[PDB]
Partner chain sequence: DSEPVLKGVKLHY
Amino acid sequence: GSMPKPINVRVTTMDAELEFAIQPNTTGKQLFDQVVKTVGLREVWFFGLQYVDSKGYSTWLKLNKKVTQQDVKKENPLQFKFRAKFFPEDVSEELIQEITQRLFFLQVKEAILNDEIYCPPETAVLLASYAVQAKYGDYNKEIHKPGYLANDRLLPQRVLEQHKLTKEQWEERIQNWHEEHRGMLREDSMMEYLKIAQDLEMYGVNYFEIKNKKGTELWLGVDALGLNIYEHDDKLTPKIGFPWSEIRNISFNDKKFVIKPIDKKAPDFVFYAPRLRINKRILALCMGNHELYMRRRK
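Structural coordinates of the indicated chain alone, per the form deposited without the partner chain:
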């Protein structure tokens, strides 16, 4: 005789925590579908479940395999992060539910405040003002006294290191933009934020460290639109672009990655990843993004 051996898991979104039990034969898709059911999200094609493997490596959970058969780490509750893996080409057209908008807003704002996306200072200040309007609501001089933003994490650190102003000057500029949003609904605010963030050059780009045959260190970008190559010191502006419509075939063998063009007159592009794992992640992101790109154009 015997009994089932359930398995506790914890799944966090950007603003929520879920805890429940699964079975030794529970698939990732079954876990994913229960996550999005409980929070009421239908725009699921953007998202995945992040976990940490036995060796501390961050990993996207494969939905066509069992949750317990992917070397997820030992914790009585298994720990998953529900996050966006793909980003829309246009937030105003593609993010319909308020849950989806809020989750993208929270995730993108986290990336910006973590200095992942280069931001010009006046853009950063306008971004913060929308985040303030979404959090505080309408500015009121009798409620929001001077210093009301003093404990808010408002700007990316690297904006503060380059453009030199005092803490109170930054907040006064942010407060001044907060005032002009007197009409804005919280949900409308997060969308204005997203509409601004999505035009930043580094927004939505997955960056990987690579080299070419001669050994020059480059950056490889994967985004909703295709691939890009950057020089080592400039992650903003691609040096070579690889839009989907120009790519005929991408492939890798161990560390060697090859991009082949539709126009046979153009030369194949070849670069080298440090690990096989890197090339696998690049290909999963290429295939996912290209798939969503195609579906939008049907």
Contents of the next structure:
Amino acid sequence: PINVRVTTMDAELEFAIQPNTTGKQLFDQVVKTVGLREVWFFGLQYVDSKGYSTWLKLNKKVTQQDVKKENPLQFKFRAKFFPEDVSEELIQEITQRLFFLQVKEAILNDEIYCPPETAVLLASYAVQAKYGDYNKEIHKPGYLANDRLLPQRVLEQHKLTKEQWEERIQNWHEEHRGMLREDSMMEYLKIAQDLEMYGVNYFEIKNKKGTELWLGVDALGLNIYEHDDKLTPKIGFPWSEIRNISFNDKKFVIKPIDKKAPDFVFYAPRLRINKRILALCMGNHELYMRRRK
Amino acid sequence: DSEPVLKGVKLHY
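Having seen the form deposited without the partner chain, could you give me the form solved in complex with the partner chain?
Everything in the complex follows now, all chains and molecules, and the chain you saw is the first one.
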């Protein structure tokens, strides 16, 4: 027996599968169980032998993909591709909710850097979604004392106390009095999607000289970051400005369209990293093209 | 055909 567990951001599904079972068969069963149709955004995340977080290929069997061995196999049904604008592209409520929960968790886990002012505004939309309108009676002082509202990095510059924070969030909850639940989630996603680290797939790489760098893959192309600045790219490669991309084993090369510009060469720890980089490039480029036809 | 069989669900609301 092959026990597998797939979690969405708010559901947990446990399946028994077979050695012949494909990721697509698992993917489609999760998808119709929760009733989602905007499937192009999503995938089945897992951790592999080496402790890398990657995505299941749906065309290959679940067993042939080096998934970490644990009695319940662990898959996270998650957004794998991110729209250029959530307002135009996330239609179903199930899609919007799953994006909202996933993005909020990443922000709360300090995986996406977020200024404190934006963080409190984000927290206010989250409480308007969960609690509905602030009501003077049923929401007496201290009603968010047990809610996880802000990322810890924001707390570490602790000019405010744990109670001063909640009072300022409370203030902004009041300003959202008319807002319905789904629109509250969408306003959260509208703000969150403009953070610089939002929707970026980060890969640890090195240049030819051995200097460590980051490689970002997002909806608009490729970015090179210095190892100690993951916010602002030092080189940017939008799709329209790339002549070709390539890899051979560990060596990866980006050639810009300029023609006088030199290629950018970087090196991955192993071939599977470069394969995963390219797969995300192909997925993001295709959605990019499909948005413009 | 090797379809997965659901043996458990938890819904978190």
